[PDB]
Structures are given as C-alpha cells and as structure tokens.
Amino acid sequence: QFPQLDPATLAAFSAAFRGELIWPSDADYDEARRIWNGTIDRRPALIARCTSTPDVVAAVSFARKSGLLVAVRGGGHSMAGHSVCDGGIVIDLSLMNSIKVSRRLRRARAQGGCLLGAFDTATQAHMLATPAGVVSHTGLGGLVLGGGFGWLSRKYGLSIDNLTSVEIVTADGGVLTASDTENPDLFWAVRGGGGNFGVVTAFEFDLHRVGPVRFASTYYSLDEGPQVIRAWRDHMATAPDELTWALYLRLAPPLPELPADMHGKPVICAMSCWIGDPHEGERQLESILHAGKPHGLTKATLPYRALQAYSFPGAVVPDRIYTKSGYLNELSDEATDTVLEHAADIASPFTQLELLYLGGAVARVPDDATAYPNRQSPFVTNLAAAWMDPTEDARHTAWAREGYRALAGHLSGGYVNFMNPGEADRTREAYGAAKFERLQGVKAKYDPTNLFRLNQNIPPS
Amino acid sequence: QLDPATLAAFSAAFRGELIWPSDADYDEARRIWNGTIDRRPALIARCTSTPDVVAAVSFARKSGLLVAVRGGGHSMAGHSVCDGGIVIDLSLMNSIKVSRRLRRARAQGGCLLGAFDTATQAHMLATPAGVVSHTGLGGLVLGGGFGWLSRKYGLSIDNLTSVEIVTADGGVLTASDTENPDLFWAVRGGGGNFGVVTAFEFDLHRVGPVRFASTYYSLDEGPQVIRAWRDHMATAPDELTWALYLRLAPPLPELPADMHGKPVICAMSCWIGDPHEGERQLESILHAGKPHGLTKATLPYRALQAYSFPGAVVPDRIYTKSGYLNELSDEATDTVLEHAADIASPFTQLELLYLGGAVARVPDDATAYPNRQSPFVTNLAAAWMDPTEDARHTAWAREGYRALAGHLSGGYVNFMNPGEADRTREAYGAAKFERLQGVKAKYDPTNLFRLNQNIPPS
Ligand SMILES: Cc1cc2nc3c(=O)[nH]c(=O)nc-3n(C[C@H](O)[C@H](O)[C@H](O)COP(=O)(O)OP(=O)(O)OC[C@H]3O[C@@H](n4cnc5c(N)ncnc54)[C@H](O)[C@@H]3O)c2cc1C
Ligand SMILES: Cc1cc2nc3c(=O)[nH]c(=O)nc-3n(C[C@H](O)[C@H](O)[C@H](O)COP(=O)(O)OP(=O)(O)OC[C@H]3O[C@@H](n4cnc5c(N)ncnc54)[C@H](O)[C@@H]3O)c2cc1C
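Line order of the protein sequences matches chains C and A.
Residue numbering for the first sequence follows the authors' numbering, starting at 2 and increasing by one per position.
Residue numbering for the second sequence follows the authors' numbering, starting at 5 and increasing by one per position.
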C-alpha cells in the first residue's frame, strides 16, 4: 500500500484525470475499499474513481507505466473479491452510471459502472427491459462480462445475448469498439470472458417490451422437499420459455405471512414468474404452486422494475459470504437427496442453497457463438453461504464445501461469476478446452502482459 | 443563429454531447414525459459534470438563449423543453455516493429516483422521494418531494443538508444551513428558480422490508371507504401511509373480469416499521369496504418504490389540476365520487393523499415549501393516448377542480399544468412569495431561469 510512484508519471496522471483519487490517508479510503464480500480486506495503494472514458484511459496507462496490480470495480459484487487489491490501483467505475435509452429504437447505452436497478429504472421509463441479474445493487459490468442471467433469460437469453457492442479500454491505453462488425474476435471474448481484455466503459443493448409480470413466492416445508424438487425438475424439462421457476432452500424468514413455528427452520422458498400475459400467467403459476402445501404465499402482478427490486426481502445485508457452484445436465434422485440433506444443516438465516433452471433461449444459442460455457446444462446449483460474525467463518465455509463435495461428481463446469476467492484453478474446467484455447489467443492479442488479472483469469498465449 | 466565437468558446469548454435540430436524435431527445408539449429547442446540451453546466449556463446568458433545465423530464407543466432556446439536460449526471457509516448520500442533479433508491438500498438505507421510479430527483426535490417515507421522515427537502448549485452568473456555490443559507432556504421548495443544482447531499435512514397492501373497492362502497380513510388518517401514527386513487380498474388477474375498466377506488398502504405490527395495522384499515384484488406483501423498500402504478403503463398525454384541503367533508367526498364515476381514460386517476405526520412538524418558515399544515392533497391527474381527445380529458380535470374549489387552497408546484403560471402567488402565499422574490433578486436578477413555476425578482 506504499509502492514508489514516480512523481512525473503521477503528475501526468493527476492532470489527465478528472475524477477523484482516494489515498490510504484519506477519510473515505476504508469505505471505498470495502466490497460486497466482507471477508476480503485489502488495502490498495490508490483508488481512482473514474468519471469518463478519458479517465479510464489515464488510469490504465498510469497503472501500466507504474507496474501497479490492476483491480477494476463496477458494482463490487465479485464473489471472489476481485474488485479490490493489496498495494495496487483500483480503477473504480462506480460514478460512471449514465444510461441513454431510445424508446423508438429499443436500445440502451449504459456506462460500465452502472447498477442493475439504475439500468432497469431507465429502461422501464419506456416499458422496456433486457435480461440481467435478480439483485438491484449488483454491478452491470461484471455481471454482463461473465454472461448474466435472471428472470428474463429463459425468454430473451443471457445479458450477453442482447449485447450488440462495447466501448473498451485495452491495456495499451487504446479505446476500441467491439461488435459483430468491428473487432469481432474481441466481441466474442468479452461476451463471457470477464474483465480479461480491458475495461468496458460502455455497453449497448437491444431491449424488449416488458409490461407487468405475474409473480409468486411461497415456502414449502423441507418434509415435502422430495416431491417439490421432483415436480420442479420434471415440469421445467418441458415448460414454455415464458415460465421461470427457481428454488431457494433456506431458513424461513421471520415474516408475518409465515406461521411462527416455521420461522428459522429450513424450508424451500419457491419464486416463479410468467413473462407474457398476466392472465395466462395466473393460470400457469397456479398450476405449479401446489406441488407441496404452500405457506406464506404472495402473488402479485408487478411492473418488471419491481420484480427486479424484489430479491430477496430481508432486514440485514450479509457482511460475509462464500459460494460454491456448478451446473448439472440432469438432476438425479441421488443428487436431490444430497441437496435436501445439506439444506437441513443450514446454520445462517442469510445462507441459501439455490436450485436454478436456465435452458429456454439461453440453450438455443450455439455453444460457439460466445465465450459463455455450459448453455446446454439447464440446472445451476449454488451453495451460497452468508453470515455476519467473522469468528464463525469456518462453520459457514464448511457447509458450502461439504455440500459441494457431496454433489461434485454430478456437477460440471461452473459459472465464472459464482467463483470464490480460492477457485482460480477452476477456470479451465469452467470454460472447457476449446473456449479456453480461443480465449488465450484473444488475450495474447489484446492483453499480452496480463495487465488485467484480477478476474477468473485467462493467461495469454 | 449564434455568434461563432461564443459558440466556439462553449464547445471548447464543454465535455458533453450537443444535439442540434439537424441530428437524427433531436426528435427523441426533445420529447418530455408530458407529450402534449411539443417544442423545438435551438440546441440540447447533455451535460456530464459541473464544469459542463457552468459552460452551458454561461453560453445561454451570453447568447440570450431561453434556458430550459431538464433532470428527469417529468414536468407536469412542460418546463423541461423550450422553443428556440437551450436545454441544459442533466440526464447523464446520474452518479450517487453513499456512506454507510455517516448515513449520507451525495447525488448528482440528473439522477432518477430508482438509481438513487438502488444505491441507498445496497446498504439498507433510504430517504423520502416520489412513488414513480423514473421521475427525476432534480425537479422533485426542488419543489419539496413527497412519497411513502414522508409521514415518517418528512419531505425530500427535510433530509437535504446541502447543494452544489450553478447560478446565472456562471458561479458554483455551496448552499447549506451554514453557507449561503438564504439560497439554501429558497432551493428547498423554490424549484429551479435560483440555478442549476448539480449535486444534492442527503441524510439517510435505515429502511428494511415494509409490509404493503394494494386493493380495489367498488364505488358502491365509496362513501364509507373514503370516510373511514379521512377519519383514520386524522389520528394515524406516522408509520402508516394510506392513499386512495380513483380510477378505472386495470385488467389484472387479481380482479374479477366484470370490474375491469369500471371506476373503483385503488387503495395502497404501507407500514414503515416492524412488518408484524405492519400486518396488524394494514389489516385494521383494509376492511371499510370489501377489498377486491388484494395484494399483500413484505417488500424491500426498493421494490415498494418500483411498484407504482398498477398496470405499469406509460401514458403519452397528461393534464393535472391539484390543490390542498384542510378537511375532507362529506360534501367534498360526494363530489369526488361523482367526478370519479365520469373518468373516461384507463390512465386517469383522481388521487386523494394524506401527508401530515413528519411533514407538518417542520416549522412553516423553515423552508420555501408552503402548506405543511394542510394534510390532504387531491390531484385530478388526467392521462391519455389519443391526441384528438385532448379536450374531453382536460375538461374532466378542470370541471372536477372547479367543483371542489370551495375546499381547495394552495397547490403543489410540482403538480402544476402548463396553463398555471398565474397560480404561483397563491401556491406560496404572500410572505413566502415575497421572501423568494428577494432571493431571486440576489441570485437571478435577470430571471435567466424562468421555465419553472417562476418567481420574478424583486
Ligand atoms: C447479491 C448478488 C446477486 C447476484 N445475482 C446474480 C444473478 O441473478 N445473475 C447473475 O448472472 N449473476 C449474479 N451475481 C453475480 C454477478 O454476476 C458477479 O458477482 C459479477 O461479477 C458482479 O459484477 P460487479 O461489477 O458488481 O462486480 P465487481 O466486483 O466490481 O467486478 C467483478 C469482475 O468484473 C470486472 N469488471 C467489473 N466491471 C467491469 C467493467 N466495466 N469492465 C471490465 N471489467 C469489469 C472486475 O475486474 C472483476 O473481475 C450476483 C452477485 C451478488 C453479489
Ligand atoms: C409519473 C409521475 C409520478 C410523480 N410522482 C410524484 C410523487 O410521488 N411525489 C412528488 O412529490 N412528485 C411527484 N411527481 C412530480 C415531480 O415532483 C415533478 O414532475 C418534478 O418537477 C419532476 O422533476 P424532473 O426532474 O423529473 O422534471 P423536469 O421536467 O426535468 O424538471 C422539472 C422542473 O425542475 C427544474 N429542474 C429539474 N432538475 C433540476 C436541477 N438539477 N436543478 C435545477 N432545476 C432543475 C426544471 O427546470 C423544471 O422547472 C411525479 C411526476 C410524474 C411524471
């Protein structure tokens, strides 16, 4: 956190940089360096809060010239802690949050530091939307570069399936456009290849008209887990793209809609929505709500912005997290029993074992069309441990590790955006050999010195 | 047609985008939410920083261009676009910094409410603002700003601690309780009259999940619902907010199909506090008539903010008449219900709101916001799509307002329509209006900022 810093380079950077600099002696340093995964505590030499593409160019050049370890930060949600470094520079894009939306063209151009809810607000101003993740304060930047999935994905694909171009600052300080017509090698790689290839200062998306959505959330007792999970797995194998249905095994929240004797006990929280006519939606959801006895059932017809803002209603933001995730091509009865066994052991009220079903529009894109791997595996499991007290890290981490080990033979690949700080070696497996090889060649062209290595990293060559 | 060296000085000092009448994106850029207002600016300046705003303000002053300022473009009066002048468009200045420790947010003057609410809510924090996510923070806060958190935490301006503002002479000032407090008084309720606010600083509160209910009552049961509402609100704890919106029932699955498109009371309510207590409180106010299409939920505050309005449709054309009530009498109730029965467009609402609570505890002279002591607000909010039907919808709101004028006083600046320039004095009252004219004579003596509910200097 105290490297040299040639005064002339530094003075060149300062005069070229219009944003804010934050040094270790500054009052806002400690708040500035905190990211969502509170287990990651690192002290950068410097935090540069960029406010424009020229700022990012200055910060990249300054980092390269000074040999500072480069962290890039969009929303700070890295489950691996990638967006803060010890002793280097954080290129922090959090003030670059502008969105321009054309209603006529159904287009959005969004800066690299945007939060999901800010983008959703902007597009919903015109009844428009495009897929992103389900928690409003996640960053658009990291989420999109890894792929990006949420409520609209079965219908409209990953975030990267609606991305048409990026403005990107490469390690040599160049500003490039990448799209289907301009640097398409780079455009393939940023659709899935993370922050490996440079800093994206603007993303352009095609939008869709999305009016109110019929939604339901309910809880089932763990008693009924086998029949609920079998009903879910079997229904989704043939469900219309319009239906999304996700299971979250957790301790029941102390909420008035739930009976007192369920509070704090493991349950299955099922959330579902219908993207399309809300009357059809009401019939479709009613037909999946009764696979177990529903408790705490909430049904609403929501603007899409409000469905985006809904996940997940709790009283405190978890400070500490640890995740282990993989895909499955199929969810066998043995895998289902394992999931339920490990959910009965959840300790924290903030922990969830997520069972997600993608497929739909995500699976109809050709494997090779982007860097995102595993389109053909429909199931995603995520053992997402979350808690508050740092003296309990081992008990929570052990829960995620042991549930994963017990499943791992059934799992393949892994979403880069769900990797934990210890999973740097999962990168080849996540991508597979063919994608990994093509990603390396693009890395050798655009970032041959690996200036961008705080990511699920692809070494060049 | 502009002086070439002035123009060239501006362009040199300006790091944003300029949009000219010949640009393909001009027609989209110049449209505002009130689509009855169709105007053609000489130039649109899309500002990206406080130095850009300084360059635009100085360029307009020097060229003698009429200045429209645009935050979120929600002006009910159409103020955020002009014919022949310059639009200083702040929509790209959307950045927000939140301190969890100090419970503080600094937001730029072009933020939308949903961007602000997302940023605050990442820390479980919030501060009072409007109920529709894509409204502009800029215009809303400068006129006062009320919504779900107001009865508990006051108006938006009651949580504001300082602003950065660019004045008509091109200067950048801080205004707060300790620096330029005459200006700080005026910007809290005096709208965009005193300059372009480029950053707002707010105190925040911790807001976790909120119990919420929305439901629909038949107009058959209208008299007893609205009386139960006016009676209950007179003694309700700050934590309870309850609003009534008379409107055509939206075609949603929670309502039986026979009610769709017929006049109803939509009642929305929330408890800012413990969701168990919230459940008991909302139950106690949900049964004055039979609730149809009841939705009850425990929501993050961000999702409550994103929920309004049921049907989630954007109307193209709008016309509003609003004022305050000190009391809602049985006679005024009958009137409301009679006009409500005549609503034609599925987008129109006759809104009955109840502020009071924390808003009314602030001394009347602490800010430029008038009528803290009148708890009721009615807003005849006509909205429609077809340009050939303007006159019928406009007449609905005018005739309802006329029919209730014996009960109505003042008016919220932020609910004024484009024909209501004459209503400014009655809105503020003599004393406030006179104080505001003196602040205008000091900070905007040439009235460079006159596309607003305008306060002439002197
Ligand atoms: C509460 C929560 C909910 C989530 N829900 C979902 C979900 O529903 N679906 C889903 O797909 N994912 C989800 N995620 C995962 C999210 O996709 C990853 O955590 C993603 O990396 C977050 O991006 P960010 O910008 O917030 O993170 P950061 O930590 O800022 O960055 C993550 C990575 O991206 C790089 N990066 C960030 N922005 C840029 C940019 N503009 N240019 C170049 N590189 C950049 C960083 O260098 C780092 O490698 C969620 C995460 C959280 C914390
Ligand atoms: C659909 C809808 C829902 C609404 N709900 C509510 C609500 O729940 N509560 C409530 O209080 N109000 C509400 N309003 C009204 C809102 O307060 C006013 O329409 C407000 O003026 C909107 O501000 P804006 O920046 O979007 O509008 P704009 O049209 O961009 O501007 C409005 C006025 O403010 C000036 N201005 C805007 N930003 C700045 C700035 N940064 N500096 C200086 N001057 C500026 C403009 O010159 C103009 O006079 C709502 C409006 C709409 C359209």
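There's no promise every hint is true.
Cut-off 35 Å, straight-line C-alpha distance, at most; resulting in silico cross-link-like pairs (DSBU-like, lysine-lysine) [claimed, not checked]:
{"hint": "1", "chain 1": "A", "residue 1": "101", "chain 2": "A", "residue 2": "66"}
{"hint": "2", "chain 1": "A", "residue 1": "66", "chain 2": "C", "residue 2": "101"}
{"hint": "3", "chain 1": "C", "residue 1": "66", "chain 2": "C", "residue 2": "446"}
{"hint": "4", "chain 1": "A", "residue 1": "294", "chain 2": "C", "residue 2": "294"}
{"hint": "5", "chain 1": "C", "residue 1": "66", "chain 2": "C", "residue 2": "101"}
{"hint": "6", "chain 1": "C", "residue 1": "156", "chain 2": "C", "residue 2": "266"}
{"hint": "7", "chain 1": "A", "residue 1": "446", "chain 2": "A", "residue 2": "66"}
{"hint": "8", "chain 1": "C", "residue 1": "66", "chain 2": "C", "residue 2": "294"}
{"hint": "9", "chain 1": "C", "residue 1": "156", "chain 2": "C", "residue 2": "294"}
{"hint": "10", "chain 1": "A", "residue 1": "294", "chain 2": "A", "residue 2": "266"}
{"hint": "11", "chain 1": "A", "residue 1": "101", "chain 2": "C", "residue 2": "101"}
{"hint": "12", "chain 1": "C", "residue 1": "156", "chain 2": "A", "residue 2": "266"}
{"hint": "13", "chain 1": "C", "residue 1": "66", "chain 2": "A", "residue 2": "294"}
{"hint": "14", "chain 1": "C", "residue 1": "156", "chain 2": "C", "residue 2": "101"}
{"hint": "15", "chain 1": "C", "residue 1": "294", "chain 2": "C", "residue 2": "266"}
These aren't lab readings, by the way, just hints derived from the structure by calculation.
- Numbers of the earlier hints that this structure fails to satisfy, in rising order: 8 and 13
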